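Colleague: For reference, the chains in residue letters:
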Amino acid sequence: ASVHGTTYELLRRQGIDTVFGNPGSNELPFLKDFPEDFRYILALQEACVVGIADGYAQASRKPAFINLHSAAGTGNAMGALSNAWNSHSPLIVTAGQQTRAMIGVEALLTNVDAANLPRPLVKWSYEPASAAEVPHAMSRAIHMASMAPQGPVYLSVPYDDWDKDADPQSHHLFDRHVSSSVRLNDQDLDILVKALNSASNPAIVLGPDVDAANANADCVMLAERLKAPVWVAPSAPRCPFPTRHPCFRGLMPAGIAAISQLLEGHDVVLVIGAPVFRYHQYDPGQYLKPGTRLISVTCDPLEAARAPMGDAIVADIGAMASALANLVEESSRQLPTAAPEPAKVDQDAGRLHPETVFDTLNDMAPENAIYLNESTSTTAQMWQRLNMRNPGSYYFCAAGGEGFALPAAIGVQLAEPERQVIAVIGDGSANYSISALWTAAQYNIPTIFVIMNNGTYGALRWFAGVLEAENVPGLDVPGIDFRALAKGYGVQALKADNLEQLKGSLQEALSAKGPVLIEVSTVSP
Amino acid sequence: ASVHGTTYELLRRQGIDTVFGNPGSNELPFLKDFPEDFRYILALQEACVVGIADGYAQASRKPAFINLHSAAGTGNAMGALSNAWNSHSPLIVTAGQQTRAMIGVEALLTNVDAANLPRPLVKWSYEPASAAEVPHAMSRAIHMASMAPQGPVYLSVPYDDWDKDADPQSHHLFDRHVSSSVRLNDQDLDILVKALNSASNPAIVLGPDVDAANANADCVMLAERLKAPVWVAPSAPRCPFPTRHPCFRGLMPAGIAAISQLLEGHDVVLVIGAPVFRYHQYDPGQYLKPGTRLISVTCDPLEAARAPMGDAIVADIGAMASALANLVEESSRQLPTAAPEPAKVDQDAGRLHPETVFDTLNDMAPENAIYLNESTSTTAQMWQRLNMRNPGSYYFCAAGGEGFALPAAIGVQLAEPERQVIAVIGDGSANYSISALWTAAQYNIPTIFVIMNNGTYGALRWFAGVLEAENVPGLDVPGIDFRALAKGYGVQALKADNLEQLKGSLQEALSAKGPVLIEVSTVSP
Amino acid sequence: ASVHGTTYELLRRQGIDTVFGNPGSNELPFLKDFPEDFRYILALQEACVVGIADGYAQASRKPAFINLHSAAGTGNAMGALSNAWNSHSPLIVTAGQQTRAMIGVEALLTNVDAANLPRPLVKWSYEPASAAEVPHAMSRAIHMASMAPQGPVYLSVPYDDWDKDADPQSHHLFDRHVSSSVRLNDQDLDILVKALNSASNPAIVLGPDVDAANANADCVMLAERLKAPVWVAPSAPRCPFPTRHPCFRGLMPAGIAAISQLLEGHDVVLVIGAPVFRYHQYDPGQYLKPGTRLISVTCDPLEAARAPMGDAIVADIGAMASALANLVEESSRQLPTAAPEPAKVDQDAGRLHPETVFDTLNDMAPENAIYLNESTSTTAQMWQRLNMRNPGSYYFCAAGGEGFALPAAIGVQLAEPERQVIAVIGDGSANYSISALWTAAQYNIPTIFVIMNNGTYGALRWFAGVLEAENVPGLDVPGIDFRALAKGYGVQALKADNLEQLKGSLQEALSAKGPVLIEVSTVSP
Ligand SMILES: Cc1ncc(Cn2c(C)c(CCOP(=O)(O)OP(=O)(O)O)sc2=O)c(N)n1
Ligand SMILES: Cc1ncc(Cn2c(C)c(CCOP(=O)(O)OP(=O)(O)O)sc2=O)c(N)n1
Ligand SMILES: Cc1ncc(Cn2c(C)c(CCOP(=O)(O)OP(=O)(O)O)sc2=O)c(N)n1
Ligand SMILES: [Ca+2]
Ligand SMILES: [Ca+2]
Ligand SMILES: [Ca+2]
Ligand SMILES: [Ca+2]
Ligand SMILES: [Ca+2]
Ligand SMILES: [Ca+2]
Ligand code: NA
Ligand code: NA
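Residue numbers (PDB author numbering), protein chains in the order written: chain A, 2 to 526; chain A', 2 to 526; chain A'', 2 to 526. A prime marks a further copy of an entry chain.
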């Protein structure tokens with residue numbers, strides 16, 4: 002068998018059937034004779050390729066396979082890799098290298114010192130020492146991406162390797178099963194459960210690895226048994242809990258002092274599937290107030306090591322959430338009372354307040370919609386106003402890197418063809434990965450893109466306020482016609498300058514058979 | 002003085018007055034109180050920021066200063082850095098980091114292991130150990146980018162550093178002058194000159210560092226004195242010689258055997274300012290034929306080390322070209338005869354042959370036009386058909402990385418306001434950095450963008466032919482309306498479906514007062 | 002509190018009370034005011050410092066703390082770090098850096114790009130961005146070294162940081178408990194147990210992480226219940242099983258074909274706590290024969306990923322071994338029969354055969370002796386001839402790096418003051434870390450060093466035979482007087498030129514109150 006045949010067999014035997022790519026000449030010997038059971042999803046720029054693959058992997062809860070061109074293609078994707086690293090996204094990033102005979106002379110398209118290029122944003126990065134090693138290196142890449150804590154990995158392959166003979170012993174790779182589905186030993190798990198059972202006023206904080214593990218329902222059972230309020234850890238990349246469940250208390254503020262004040266009076270705080278904590282603004286004070294102790298369950302040793310307070314347990318989130326939910330006692334405390342609905346903000350017949358947009362989306366969207374957020378100044382209102390009952394209903398760029406939501410929304414929609422995806426993206430953020438729209442048009446992936454157009458980088462005006470920073474250039478982005486950009490890439494486009502038009506546009510978009518972009522005129526901050 | 006005040010003083014004293022950027026919150030404390038003598042050039046995505054800065058630096062022949070946001074912003078720019086590394090572009094890339102007090106907890110927007118992120122595509126990469134060190138680190142960055150061999154450098158700065166007190170000894174940084182303008186010692190230079198004077202049939206090969214050094218005129222004098230044919234080294238990022246001078250012989254084929262056959266019968270081949278050689282296709286054979294010896298002058302030790310043949314001298318290209326041109330004897334051989342004009346290809350009243358496009362551009366463009374090429378399947382025809390008399394008249398992505406020409410053409414036009422810039426870009430390549438168009442509209446930078454629309458990744462069809470690779474996915478890019486994309490970003494747009502319309506569109510574009518995009522319907526390969 | 006006071010408090014609260022070091026000026030501000038409850042163990046060269054700390058950590062089963070001088074001190078230790086990486090040794094390596102104010106100018110003793118220096122041989126490598134971050138960075142280092150898979154970590158600290166004020170919130174670091182004591186979820190553990198219970202002819206292979214976890218007794222119970230033969234995985238750094246238990250089958254040959262032939266006919270092979278596999282010689286063939294399937298339990302994702310065959314489970318070895326031993330059925334198969342004793346090799350009254358040395362050590366040493374091996378050509382005979390009943394009885398350089406056993410034997414003896422340590426070291430290997438002898442003399446650590454003196458690098462003669470490599474320089478090491486070297490460093494020394502003298506020397510050494518070196522004249526290969 003050839004290295005080409007052996008590698009595609011390994012991929013299919015490991016459950017991979019889709020290649021997200023932007024091709025180049027170092028990759029043509031891999032992509033030739035493309036197998037009939039695989040599909041190739043083309044995107045026009047590599048940040049878009051990786052963003053699409055990332056949304057697909059996060060929604061599918063399985064690894065996604067990417068093929069990029071050498072150093073330039075890899076490099077164009079590295080902002081997308083920064084988000085994937087923070088979201089623990091299982092991405093297998095492959096890039097083609099020059100033929101082995103010209104690597105030394107650094108022919109055009111040689112990826113020099115290739116394995117160092119995507120570091121430090123990958124769990125594993127490698128170029129094989131021979132063609133016959135390629136399938137074994139691909140096997141390492143698959144398992145490295147997929148083991149807890151999941152994350153992106155990188156493999157560089159010289160183009161001449163594909164046609165070489167494979168090692169006949171490579172067949173032992175095909176059906177390897179690797180598990181990291183582990184939980185704390187019985188004795189120490191019993192100690193933890195007793196501490197939870199004994200707590201007088203517990204609180205629960207959930208992060209994105211809960212939603213990645215589909216541990217959401219087990220966390221609902223846990224919160225109901227402990228009769229405990231539940232918050233989502235700050236800077237949330239996913240939604241790990243039903244947002245109208247009576248225990249839900251919302252998104253935590255991303256500040257040290259704000260979090261310790263919120264948790265004051267809670268004697269035990271159990272954090273599951275989150276870093277402790279992804280603070281953002283610098284809000285110095287106590288990490289925890291006297292009387293509060295913290296216990297973190299994380300799938301990532303790096304998170305356990307860097308927490309500034311608390312105990313930690315490094316284990317699989319799915320296995321731990323299931324075990325805790327089934328072992329804790331039902332507390333005799335009263336179940337927390339649901340938060341009140343948000344107030345309606347006053348809205349005239351002009352430009353839309355973001356609150357009006359989210360209320361209207363909540364009114365009109367299906368109950369199993371999936372939302373993506375890259376509307377950076379409106380995140381708090383979004384979390385208050387969208388009822389997200391189901392797992393996999395929310396994505397936000399995990400490293401704060403713009404250019405995620407537009408392509409990721411296409412990958413999520415590909416992963417979840419029966420759930421309507423609605424990406425809410427600011428006019429600034431929309432530009433970073435604008436060409437991803439073409440992939441939605443070409444493959445008819447029916448994502449709805451809602452562009453919140455207020456003419457400015459609004460969140461940067463906010464942070465400038467926090468810092469008291471004046472005379473800052475580069476904050477305004479006037480003069481972008483998003484309906485023309487959508488037309489440019491073949492996507493149907495609508496404009497909403499007021500509430501009547503927003504409702505009409507959403508009705509049309511929800512009825513459409515393909516992707517739709519709605520440009521919404523929102524109020525300037 | 003503050004670190005902020007001291008750093009801007011260092012920048013202005015070192016000749017820097019422009020910041021190319023896309024802002025974020027870690028950068029607001031740097032950008033606040035922006036000095037009135039500086040300008041800020043915003044672009045909407047970081048590949049575009051860096052591409053604009055790169056064209057500006059290459060055309061200006063001086064360092065350009067960039068400010069990006071943390072890891073995601075840096076990462077979005079790394080494909081652009083791969084081109085800048087190959088073109089020896091003096092780019093000072095700065096990125097904002099989290100405040101020092103939250104780096105350890107890895108708050109959102111922390112750039113983890115920052116200096117490793119852009120490696121291996123930078124000459125120097127650093128994060129200072131204290132705020133007071135920031136001006137000295139910026140001084141290192143400026144000089145590292147600017148010394149031969151020039152190249153990109155990276156500096157990560159925690160946002161809290163800017164408001165701290167500077168070291169009063171930082172003033173010694175302001176006026177430092179660092180020179181690498183060096184040439185081979187007299188005795189060995191005399192040996193070289195004698196070898197050139199004695200050669201019976203010399204040839205000259207020039208690369209991009211000739212144009213970077215503005216050594217073009219000295220190379221013309223050298224070729225005239227030696228009565229030697231002149232070729233441009235393969236995969237050329239710049240044009241180092243007048244293309245209708247009688248000695249000019251064109252762009253070398255990027256293959257080992259093709260180059261040794263071309264040079265057969267030349268006893269001494271002098272390569273100046275090029276890697277030896279930037280081959281592309283694998284065309285195995287002799288590096289040089291018997292009877293040919295090679296001497297390379299390069300500004301880059303890495304190039305001298307990796308050449309597979311020949312002697313090398315590591316020195317400044319400007320200083321060496323001037324010394325050789327002034328020291329060699331005038332040979333009594335006859336001056337080479339100019340190459341014949343290219344033939345006119347048959348053109349009907351339908352879609353345009355690329356040859357027709359280049360002939361028409363050559364007919365209509367000013368004699369001091371500047372061209373950029375990202376029309377990958379038409380490069381040979383472009384080099385045959387455009388008369389480029391002057392230095393700084395041609396740019397092509399030095400690492401082969403798509404997404405360079407569109408933004409770089411805006412930076413070149415900013416650097417050269419009195420020379421009309423004409424970027425010739427394929428329909429595939431146009432998407433990688435499409436949002437750069439907005440910067441041309443906003444700042445009214447009057448670049449002309451000629452989109453060669455043939456619906457496919459044509460060069461990848463070509464390389465597939467070379468490899469004999471069939472059943473390759475992802476090679477077609479139908480369904481892009483470039484006039485709508487231009488409208489989206491505020492740029493006037495024209496379409497040319499035939500020759501009459503191409504001439505009319507070019508006449509309108511050349512008369513316009515702002516940037517213009519022309520979508521040209523070209524023949525499918 | 003100062004950073005100095007806070008850091009020592011963190012160390013003592015995390016169970017660290019010993020610093021293994023070789024001092025320098027960047028470290029004096031850390032070592033000053035050394036706390037009265039800590040001890041400092043000086044060694045004269047850094048390979049020795051790290052080797053001593055490594056033996057101490059491996060025998061104690063807890064992290065060891067090291068302090069080295071800048072880049073040169075770190076660099077002198079990097080061969081020792083290569084062994085520590087392979088043995089999963091929990092080592093916290095700290096190195097002093099220049100004061101922050103002169104790092105930029107690269108004053109003498111600046112460790113440039115410090116975190117990159119020990120890569121790729123560390124799990125985590127870091128230099129803090131401010132003095133107040135130092136305790137939190139030390140906390141990260143402690144937990145990173147200690148979490149599964151354990152391994153070395155590196156922290157570089159500018160010398161001026163120690164006297165700065167600590168963050169008052171650093172107290173939350175002191176009592177953090179971090180656990181990785183996890184095992185496979187119940188459902189999948191039940192599937193594994195059923196596969197073991199159903200196997201017709203199981204085999205067990207154990208590696209060093211069994212001994213690190215003190216899982217040895219649980220593995221004995223497991224082997225007795227399954228009535229299965231037990232081998233030690235190749236290139237063994239530790240002994241995970243009693244070597245005269247009836248199930249024991251010895252050290253596996255370090256070859257692909259040799260291992261698959263050994264395992265032929267075993268239907269399920271369970272590997273616990275080993276890479277699959279640490280082959281050495283290239284012995285190509287089948288990874289496993291038809292009819293054999295493999296299941297690996299490893300604490301290290303990198304091991305699970307790179308195995309060329311089998312299923313894998315990534316979990317704590319102690320937790321998994323205990324669970325399996327307690328859950329499997331008692332098989333009705335007959336218990337394996339013990340291997341026969343080794344034969345006595347013919348020995349005349351001259352130089353000693355290594356077999357005679359090991360037989361005599363086995364006869365005379367206490368039953369709870371601990372052996373270290375760096376006698377590279379005699380490893381197979383050592384494993385056949387020493388009855389090692391107890392855990393923690395054997396250490397061998399895990400990366401094959403010479404210079405481990407001599408210093409590690411001193412650290413093991415410090416960790417286990419009531420178990421006599423006997424290091425068996427070749428005359429070649431003894432030189433790499435010879436100065437470690439001084440630490441044994443100074444602190445009166447009563448290790449016995451047995452130098453096998455045959456005048457040559459015997460194993461390299463063996464491998465030369467395998468390769469059929471002739472005319473190789475540098476294989477002989479004549480002219481070393483090991484009694485004089487021992488005298489040089491203050492250690493009592495004896496010579497044994499024949500068996501009578503070997504017995505007399507061992508009797509004297511075993512009766513001594515301090516360290517003793519015995520130079521044994523062994524037969525030339
Ligand atoms: C790759 C990249 N570049 C720049 C930024 C900085 N950035 C930027 C540019 C923001 C403004 C986004 O504007 P928007 O129009 O999408 O939304 P708002 O107006 O609601 O802020 S928020 C933010 O952190 C970033 N996070 N990522
Ligand atoms: C960042 C990046 N991604 C992908 C490629 C691969 N690539 C691609 C995608 C080419 C096709 C360009 O198509 P075009 O329309 O711009 O021009 P032609 O039709 O004349 O080839 S040529 C080439 O090397 C690349 N060089 N750089
Ligand atoms: C740091 C280092 N350098 C060199 C070697 C190579 N090496 C060497 C030099 C060996 C010979 C050891 O000789 P010895 O006297 O200790 O024992 P034998 O005579 O029994 O081989 S075995 C081996 O792998 C090594 N493993 N580690
Ligand atoms: Ca099919
Ligand atoms: Ca906005
Ligand atoms: Ca001004
Ligand atoms: Ca094209
Ligand atoms: Ca004491
Ligand atoms: Ca020896
Ligand atoms: Na990198
Ligand atoms: Na290193």
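It cannot be assumed that every hint is accurate.
Stated by the list, open to error - For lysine-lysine, the following PhoX-like pairs were computed, each having C-alpha atoms within a straight-line distance of at most 20 Å:
1. A'':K345 with A'':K504
2. A'':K496 with A':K165
3. A':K195 with A':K228
4. A:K228 with A:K195
5. A:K488 with A':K514
6. A':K496 with A':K514
7. A':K504 with A':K345
8. A':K195 with A:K488
9. A:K496 with A':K488
10. A'':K33 with A'':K63
11. A':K514 with A':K504
12. A'':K514 with A'':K496
To be clear, the hints were calculated from the coordinates, so they are not data collected in a lab.
Colleague: Each of the hints needs a verdict: does it hold here or not?
Modeller: Quick rundown of the hints versus the structure:
Under the criterion of a C-alpha separation no larger than 20 Å, the hint pairing A'':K345 with A'':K504 is consistent with the structure, at around 16 Å. The hinted pair formed by A'':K496 and A':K165 fails the criterion: a straight-line CA distance of about 67 Å is larger than 20 Å. Between the alpha carbons of A':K195 and A':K228 the distance comes to roughly 15 Å, so the proposed pair stays at or under 20 Å and holds. Proposed proximity of A:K228 and A:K195 is supported: the alpha carbons are some 15 Å apart, at most 20 Å.
For a cut-off of 20 Å, the pair hint linking A:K488 to A':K514 is broken: about 26 Å separates their Cα positions. For the given pair, A':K496 sits about 18 Å from A':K514 by alpha-carbon distance, which is consistent with the 20 Å threshold. Of the supplied pair hints, the one linking A':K504 and A':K345 holds, its CA atoms being roughly 16 Å apart against a limit of 20 Å. Restraint check for A':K195 and A:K488: the C-alpha separation of about 65 Å exceeds 20 Å, so the hint is violated.
A hinted pair counts as satisfied when its Cα atoms are at most 20 Å apart, and A:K496 with A':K488 qualifies at roughly 16 Å. For the suggested pair A'':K33 and A'':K63, the alpha carbons sit about 25 Å apart, so the restraint of at most 20 Å is broken. Of the supplied pair hints, the one linking A':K514 and A':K504 holds, its CA atoms being roughly 18 Å apart against a limit of 20 Å. In summary, the hint linking A'':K514 to A'':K496 is supported, as the alpha carbons are separated by about 18 Å, within the 20 Å threshold.
Checked against the numbered hints above, the structure breaks hints 2, 5, 8, 10 and satisfies the rest.
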